[PDB]
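> With chain A's structure known, arrange chains A' and A'' on it following the hints.
Read off the chains here:
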Amino acid sequence: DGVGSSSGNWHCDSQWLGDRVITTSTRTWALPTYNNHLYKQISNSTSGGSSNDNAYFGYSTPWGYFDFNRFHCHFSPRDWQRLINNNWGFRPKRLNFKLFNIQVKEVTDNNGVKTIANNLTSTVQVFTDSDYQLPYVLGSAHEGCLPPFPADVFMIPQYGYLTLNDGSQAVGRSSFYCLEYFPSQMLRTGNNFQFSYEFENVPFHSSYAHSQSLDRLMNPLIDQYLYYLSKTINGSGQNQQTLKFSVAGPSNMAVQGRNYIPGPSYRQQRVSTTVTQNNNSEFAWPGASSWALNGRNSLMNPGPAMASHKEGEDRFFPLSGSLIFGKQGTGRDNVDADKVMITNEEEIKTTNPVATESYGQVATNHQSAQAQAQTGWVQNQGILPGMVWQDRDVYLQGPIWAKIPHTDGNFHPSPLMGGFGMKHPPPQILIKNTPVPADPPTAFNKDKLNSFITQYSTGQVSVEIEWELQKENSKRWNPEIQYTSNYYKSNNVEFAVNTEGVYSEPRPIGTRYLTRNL
Amino acid sequence: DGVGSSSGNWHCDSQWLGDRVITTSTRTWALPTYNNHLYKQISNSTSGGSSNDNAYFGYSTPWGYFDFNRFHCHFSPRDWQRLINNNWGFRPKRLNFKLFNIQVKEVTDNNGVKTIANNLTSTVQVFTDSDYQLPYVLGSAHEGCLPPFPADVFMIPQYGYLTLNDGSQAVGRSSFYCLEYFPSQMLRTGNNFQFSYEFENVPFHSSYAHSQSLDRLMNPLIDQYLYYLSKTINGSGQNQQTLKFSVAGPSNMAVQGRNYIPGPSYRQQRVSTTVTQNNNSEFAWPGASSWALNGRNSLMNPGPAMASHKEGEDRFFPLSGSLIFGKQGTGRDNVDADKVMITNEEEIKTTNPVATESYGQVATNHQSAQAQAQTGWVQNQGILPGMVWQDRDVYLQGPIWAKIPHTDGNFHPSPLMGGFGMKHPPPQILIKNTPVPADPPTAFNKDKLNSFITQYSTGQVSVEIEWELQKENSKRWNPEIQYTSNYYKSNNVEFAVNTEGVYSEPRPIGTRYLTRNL
Amino acid sequence: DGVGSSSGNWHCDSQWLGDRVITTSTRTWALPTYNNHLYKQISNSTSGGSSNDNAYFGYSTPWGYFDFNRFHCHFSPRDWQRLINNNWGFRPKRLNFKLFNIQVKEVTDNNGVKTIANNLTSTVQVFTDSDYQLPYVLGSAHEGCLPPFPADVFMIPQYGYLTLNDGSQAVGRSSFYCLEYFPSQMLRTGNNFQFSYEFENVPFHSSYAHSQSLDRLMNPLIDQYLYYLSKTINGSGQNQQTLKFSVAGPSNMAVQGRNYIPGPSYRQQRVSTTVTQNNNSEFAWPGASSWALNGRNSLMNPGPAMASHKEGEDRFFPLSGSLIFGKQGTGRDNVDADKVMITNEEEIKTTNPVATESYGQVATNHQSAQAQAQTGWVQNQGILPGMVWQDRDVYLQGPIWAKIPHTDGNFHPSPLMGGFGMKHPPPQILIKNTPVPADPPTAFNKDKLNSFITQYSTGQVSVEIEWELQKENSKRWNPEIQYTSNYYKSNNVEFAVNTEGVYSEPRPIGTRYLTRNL
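Residue numbers (the authors' numbering), protein chains in the order written: chain A, 219 to 454, 462 to 743; chain A', 219 to 454, 462 to 743; chain A'', 219 to 454, 462 to 743. A prime marks a further copy of an entry chain.
Worth double-checking, as some hints may not be accurate.
If several chains are the same, the list does not tell them apart, and a pair holds so long as it fits within one copy or across any two.
[Said to hold, decoys possible] Here are the simulated BS3-like cross-link-like pairs (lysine-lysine), alpha carbons at most 25 Å apart as the crow flies:
{"id": "1", "residue 1": "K449", "residue 2": "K469"}
{"id": "2", "residue 1": "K535", "residue 2": "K700"}
{"id": "3", "residue 1": "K671", "residue 2": "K332"}
{"id": "4", "residue 1": "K564", "residue 2": "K258"}
{"id": "5", "residue 1": "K671", "residue 2": "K258"}
{"id": "6", "residue 1": "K673", "residue 2": "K323"}
{"id": "7", "residue 1": "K671", "residue 2": "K552"}
{"id": "8", "residue 1": "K469", "residue 2": "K673"}
{"id": "9", "residue 1": "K316", "residue 2": "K552"}
{"id": "10", "residue 1": "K311", "residue 2": "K258"}
{"id": "11", "residue 1": "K552", "residue 2": "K258"}
{"id": "12", "residue 1": "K700", "residue 2": "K311"}
{"id": "13", "residue 1": "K449", "residue 2": "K564"}
{"id": "14", "residue 1": "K469", "residue 2": "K700"}
{"id": "15", "residue 1": "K332", "residue 2": "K552"}
{"id": "16", "residue 1": "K323", "residue 2": "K449"}
{"id": "17", "residue 1": "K469", "residue 2": "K552"}
{"id": "18", "residue 1": "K673", "residue 2": "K700"}
{"id": "19", "residue 1": "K316", "residue 2": "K673"}
{"id": "20", "residue 1": "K671", "residue 2": "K469"}
Since the hints were made in silico from the structure, they are not lab data.
The shape of chain A in the complex, shown without the other chains:
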């Protein structure tokens, strides 16, 4: 429109209908100039990397991008509490995104002092990768998302991508992408940008915990009509071999026939938070479970959805089997256990195997009069018919969605870090300040200009997402477990600001508090 007219209003609210909840969040953003308007080839050689497992090749772009792939970007703690305490499931339906109130500033430095002024004629470029023609980086748990607290002003992260690499070198199959080779809208201070997105059909997330275990689905009062081999010898010596059979009933539930079995496994090492119970050696990387791709080892992290620990074993965790969040103010490198928040998936112990245990035991020979029957620990077990399992729970500060890789085949493409897997997720939204050259020389020079006016941009961003709800219809008589704040007095209110205005999330919040039968 014009310089003196706002191009949008501040929309931040949650609307709770019967089967739907609409979340709207608005944030103020700041966008600097990245790479001084240049594309730069990057690799482990440029960053000084040495290990083969961490070698990479890619490019850093002068473009930024908007990321809102975390639940706290849309749900307040109270809204999250309502969702998790009142619904058996939820899923995103549609998306509305807006950029408005664009403000481009120029910075001039004379001598140790910088002056900031408006540049009303400068432009900012925005476009969406609706055709998914660029590498998708929103599927990784990267920082730079919209802040959970609406009053926080955030910096737009720089967009970068990786391609095929051989050490620090590239190959002929490696791809280079120029983001200026895409049509993009150019916005001055009076212009705004908006688009709508429809989520593809995804299953409802399981925001419930099973009230039954897979091995306890039988009637505890009635025998089965099936038999089991109870004895093989002749009880109370030589030549004592005689078959025996008994009815599988309530007294021996472990041997009853069952139609379904727990889901797959890939065993993790077990770590205690009581440090003196751990071995006196360096076992992080060495002791960890991993997978290999083209000679590179990548940590199995977080891996298959598996129960974090056995009942009562709360002190133990799988070495890389769980999402680890950092508390407010936590450092980047080598922080103590009290500075991080270790999530756990104990709710899925009713259907999923324990991460630090074998799947089970399997026969490994043919027993005879000369050879005793032998069994072997199944340390990893693939998908088998009749298996059932629960996916990893999602969290308030955890990811929402991920892009399913474009491959010939996949199985249960639920993101392993939690969330909704989609072939066509919300498109990447890329933003960049248009370069403004400084005064050029009065004589023609064919070289590209390298002198630009120092600029940055700021504005507001709004994203509205409609969520579909799956209401609970339980006939359970006793009250359910519910997420609740603790009344006991404390220096600060949980999920609030401190005396210095710092917002903090004191604990990870899952979604599985209500219960339903298996």
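Just chains A' and A'' now, with coordinates in the frame of chain A:
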């Protein structure tokens, strides 16, 4: 429109339809003040020139101009690869040009420090020479075109022209052109400029290499019904003269009658890239082929489309018979052979003569019993009836079109540097910053003002060209030759940016990979 | 249709309308099995060739082809005489082609005796290269055309083609064509094949001889209003330099100004049919005029249309400047001059230069008081503005048309051997006997079958061509020159059969007997 509203969007993409491809490219430009708003007479005396062959007379104008007469200004390397690997020919059809997001800046210097601010009321003037009333400088391979990389910001080249000269002096027939004597649109920051152009009908460029040679078009299994003189003497002495004739057949293809002959020639000197095979003397200018006009010698460069070298003779090149491109970062004067990229036209060896050979041999006397038959090397041969030839190939970084000179007569007006010749090519687009006088004196002075506010302008430029495609309908069984990247590992990806953000084109890319019969 | 019903009738006649003549010719053909149903790579190595100029690479196909690219295939001698004596020009208009009365025979050999029987169920495959996707071999004066005498039964020539070669080896750009990769009609004994073709617009062939010479177009009674420099010195000593001028008139026609000049040249060596006037040395190949392509020398044969000899110099011919036909029964290698028929182009001496002379003389220096004026013999001259020329005459036994090579440029694409040049000439008609395997083994073998029933096919072929005529409207008073038979008694009638039934053509017949002004 207004100060705070963008006057255009960033359009940069390629759309591939069935028989048509539409290329759109957008670039950011910077325009300084040229000649301090003055017209200046220029000549070899003003530049210090001494040689007669390089003497000139002309004028330098305060106007800039937009040039997009190179293929890489519109085709990305991948689009170029698709075009050359999937089409037998192509030609431009129509043009769309846009100027928008005009930003005029003022520069003020206090003491060793410059401050840049917007001048919202200043104007930039743009007009197109649709009537071709000004000298056409886009027909020369000049620098200053739109960069191949969309992210590069480029400086608008200054417009200048030459007229008739006698040494460093002018004649009465010399013409002086004032570009302010043309109607031009004046644009503030809110205005935009656009026009459309239709290419005149031109033949499709030959993006194929012949799979047959002109001297091998006969059936290799059947004799001709024509005869040749095989012997003249009496074999196995004096008085031995007796005519003889034989059927021209597969065993002697060189003497068979043919309906068509190779195209014209103008012999070049041969230079080896193995330096020790060349003569130990200075032979550049002296040894070069040239033509003369009004007593001035101009290098025959690149000259008639001729095969660069004989089969297997890849180390040799014609002294000025081929387009020479410079690698990224190559200097201007006296660079080594590894700093430049020497194009070659070996694909046209099937119809065109070798640049460094005689056309052939011609009889020069009447043989008799006293005089032996004599022949002479035809070092240059003009057009003859029955001649066929292929024009010079075009390249990704090479020129696209040229203006056919307005003359009474011409023959095959295909530009010798490669491209499409047109009587009415895309018009010149001239741009200039309107002078903004400084504070004038409070007392009237009749002299023209010479104190102006230091200004420069910047903005975006978009050009869209629709290309018509000629699909291939070959019945060839074996696979064709195709342009392909090499998979082998390298420090950088070809046609990409370096670790410092520098875009480079590692090799010239022709168009002739597919094959068709002759 | 059926076995016992003819699929076509014998049509062989000429119909003379006012401005059109329709020629129909029917012949009986025989088609054997070529290459034993195989495709074979051929080269100068396979044929034992050694010279670089005769090196080639190509393939021989099991397919035959129909060729009617000679005038005597359609015109009887009487029809040719009428055409040449009554018309100033002619050109083909449309074509009708038919194959019918297919008869496929099987040959069985027991011991030194062969038995031939019908194979009613076998098929013959025919298709036309209407899209010109195969190498065109009809543009060379190859044998195997329809016989001039309707009663002669002819053998279908085998189809072969050449591709790019380096010595006896191929390159990546070389193409291999499989003719079974084309849709073709399969014909049993009851089926027939036919198609129609329309000739593209071509100029009328010049079947006239000019009654005026290019240097004698002025009025022999009136002076010109232009002057010439008659003297330079001071007639009847030193210091005698004085300019002079005279009117160019009838007394000095050589110096008169003229608007047009004779056409291009490329000098040939001169050979006498009186053997003792030739040099006592071997000068065929060495003394011949040639052109070079990719290091290979190809004889200039027949080359540019040039007058064969000066007036009265009938004993001389250009070494390779003229079409040479062989008399009936003439051998293939090293035959005497009386066994061949040397065509001549003396009719075009009025506009075209003499083949064995220089084009003219050109100044080679600047005359002065110290240096005498120098001139040089122009041994070859290219096209110049104002040039006029006549193309090579066509003959009864000579070629009719040729395919213009698909190139970017050409000049006056009239075939140098004579005839009509067309981008889309009559398509190649390819025919092959379908292989009929012998008894296969009773156990499966994956190798391709190599045991086939010996077969050949025979039938009739009819081609009808409509020719457009250009009637003469001369006002010449005296009778014209006409082609006529000689009444004087002879043992045999010219253009008839001998006592052994052998048809012979005793002389080449041109088309240029009528006259018109220049």
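> Against this structure, judge whether each hint is valid.
Right, here's what the structure says about each hint:
no.	hint	in the structure
1	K449 / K469	within (5 Å within a copy, 51 Å between copies)
2	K535 / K700	neither (28 Å within a copy, 50 Å between copies)
3	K671 / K332	between (32 Å within a copy, 23 Å between copies)
4	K564 / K258	between (35 Å within a copy, 23 Å between copies)
5	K671 / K258	both (21 Å within a copy, 22 Å between copies)
6	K673 / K323	both (24 Å within a copy, 19 Å between copies)
7	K671 / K552	between (52 Å within a copy, 14 Å between copies)
8	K469 / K673	neither (89 Å within a copy, 48 Å between copies)
9	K316 / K552	neither (30 Å within a copy, 44 Å between copies)
10	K311 / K258	neither (38 Å within a copy, 36 Å between copies)
11	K552 / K258	between (34 Å within a copy, 19 Å between copies)
12	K700 / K311	neither (29 Å within a copy, 29 Å between copies)
13	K449 / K564	between (55 Å within a copy, 14 Å between copies)
14	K469 / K700	neither (43 Å within a copy, 45 Å between copies)
15	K332 / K552	neither (35 Å within a copy, 40 Å between copies)
16	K323 / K449	neither (85 Å within a copy, 45 Å between copies)
17	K469 / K552	between (59 Å within a copy, 14 Å between copies)
18	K673 / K700	between (72 Å within a copy, 24 Å between copies)
19	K316 / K673	between (34 Å within a copy, 21 Å between copies)
20	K671 / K469	neither (94 Å within a copy, 54 Å between copies)
This entry does not satisfy hints 2, 8, 9, 10, 12, 14, 15, 16, 20, going by the numbered hints stated previously.
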